[PDB]
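Asker: So you can see what is in the structure, the chains are spelled out below.
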Amino acid sequence: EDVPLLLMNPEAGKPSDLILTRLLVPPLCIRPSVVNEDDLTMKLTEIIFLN
Amino acid sequence: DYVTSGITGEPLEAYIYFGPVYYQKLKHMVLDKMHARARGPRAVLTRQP
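Chains A and B, in that order, are what the protein sequence lines are.
With the deposited numbering applied, the first sequence covers 233 to 267, 275 to 290.
Per the deposited numbering, the very first residue in the second sequence carries number 987; after that it's consecutive.
Just so you know, the hints here were simulated from the structure itself, not pulled from any lab data.
C-beta: ideal position from N, C-alpha, C; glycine also.
Just to be clear, a hint being listed does not mean it is correct.
Derived Cβ-Cβ restraints for the label pairs, each shown as a range [what the hints assert, rightly or not]:
| # | chain 1 | residue 1 | chain 2 | residue 2 | range |
| --- | --- | --- | --- | --- | --- |
| 1 | B | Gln1034 | A | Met240 | 34 to 40 Å |
| 2 | B | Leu1017 | A | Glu285 | 48 to 54 Å |
| 3 | B | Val1030 | A | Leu289 | 25 to 31 Å |
| 4 | A | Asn290 | B | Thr1032 | 28 to 34 Å |
| 5 | A | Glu276 | B | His1021 | 30 to 36 Å |
| 6 | A | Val257 | B | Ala1024 | 35 to 41 Å |
| 7 | A | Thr284 | B | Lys1011 | 42 to 48 Å |
| 8 | B | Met1020 | A | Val257 | 15 to 21 Å |
| 9 | A | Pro258 | B | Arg1028 | 17 to 23 Å |
| 10 | B | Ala1022 | A | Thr253 | 34 to 40 Å |
| 11 | B | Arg1023 | A | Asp278 | 28 to 34 Å |
Residues of chain A clear of chain B, computed beta-carbon distances all greater than 10 Å [said to hold, decoys possible]:
| # | residue |
| --- | --- |
| 12 | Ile251 |
| 13 | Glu276 |
| 14 | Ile286 |
Bound-form chain A, shown alone:
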């Protein structure tokens, strides 16, 4: 009931979704392996390492 007063459309999002606890990785066509590797690949590797 109190979510539209936070001006969020509850069909397009929920307030629980602003905190990420799972994280999509982009496909290989978005980060080309011969640029060697793209910066997003390194940052994702470091996130896996810190996990």
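Add chain B to chain A, keeping to what the hints say.
Answerer: Same frame as chain A, but now just chain B:
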């Protein structure tokens, strides 16, 4: 100068102004600027030429 036309052989009505002027060839030649592309190499990331 009184100047005769080379095409018709008849002289010209107005006089023509001859003299040696120092022209200098600049580096912008058309053989270095003519360019075309049908289809060729594209970028890897954004697949456009």
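Asker: Now look at each hint and say whether the structure bears it out.
Answerer: Outcome of the hint check:
Restraint check, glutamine 1034 of chain B to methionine 240 of chain A: a C-beta distance of roughly 37 Å satisfies the suggested window 34 to 40 Å. Taking 48 to 54 Å as the suggested C-beta distance range, the pair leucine 1017 of chain B and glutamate 285 of chain A conforms, at roughly 51 Å. Taking the beta carbon of each, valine 1030 of chain B and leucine 289 of chain A are about 29 Å apart, inside 25 to 31 Å as hinted. Between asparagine 290 of chain A and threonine 1032 of chain B the Cβ separation comes to about 31 Å, which falls inside the hinted range of 28 to 34 Å.
Taking the beta carbon of each, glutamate 276 of chain A and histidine 1021 of chain B are about 34 Å apart, inside 30 to 36 Å as hinted. Distance hint check: the CB atoms of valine 257 of chain A and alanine 1024 of chain B are about 37 Å apart, consistent with the given range 35 to 41 Å. In this structure the supplied range 42 to 48 Å is violated for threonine 284 of chain A paired with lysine 1011 of chain B, their Cβ-Cβ distance being about 57 Å. Between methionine 1020 of chain B and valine 257 of chain A the beta carbons are some 46 Å apart, a value that contradicts the proposed interval 15 to 21 Å.
Checked against the hint of 17 to 23 Å, the C-beta distance between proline 258 of chain A and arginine 1028 of chain B comes to roughly 20 Å, which is consistent with it. In this structure the supplied range 34 to 40 Å is violated for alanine 1022 of chain B paired with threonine 253 of chain A, their Cβ-Cβ distance being about 54 Å. In this structure the supplied range 28 to 34 Å holds for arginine 1023 of chain B paired with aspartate 278 of chain A, their Cβ-Cβ distance being about 30 Å. Distance to chain B confirms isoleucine 251 of chain A as a non-interface residue, since its nearest Cβ pair spans about 31 Å, more than 10 Å.
Residue placement check: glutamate 276 of chain A keeps its beta carbon more than 10 Å from all beta carbons of chain B (closest about 13 Å). Distance to chain B confirms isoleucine 286 of chain A as a non-interface residue, since its nearest Cβ pair spans about 22 Å, more than 10 Å.
Consistency note: the structure conflicts with the earlier hints numbered 7, 8 and 10.
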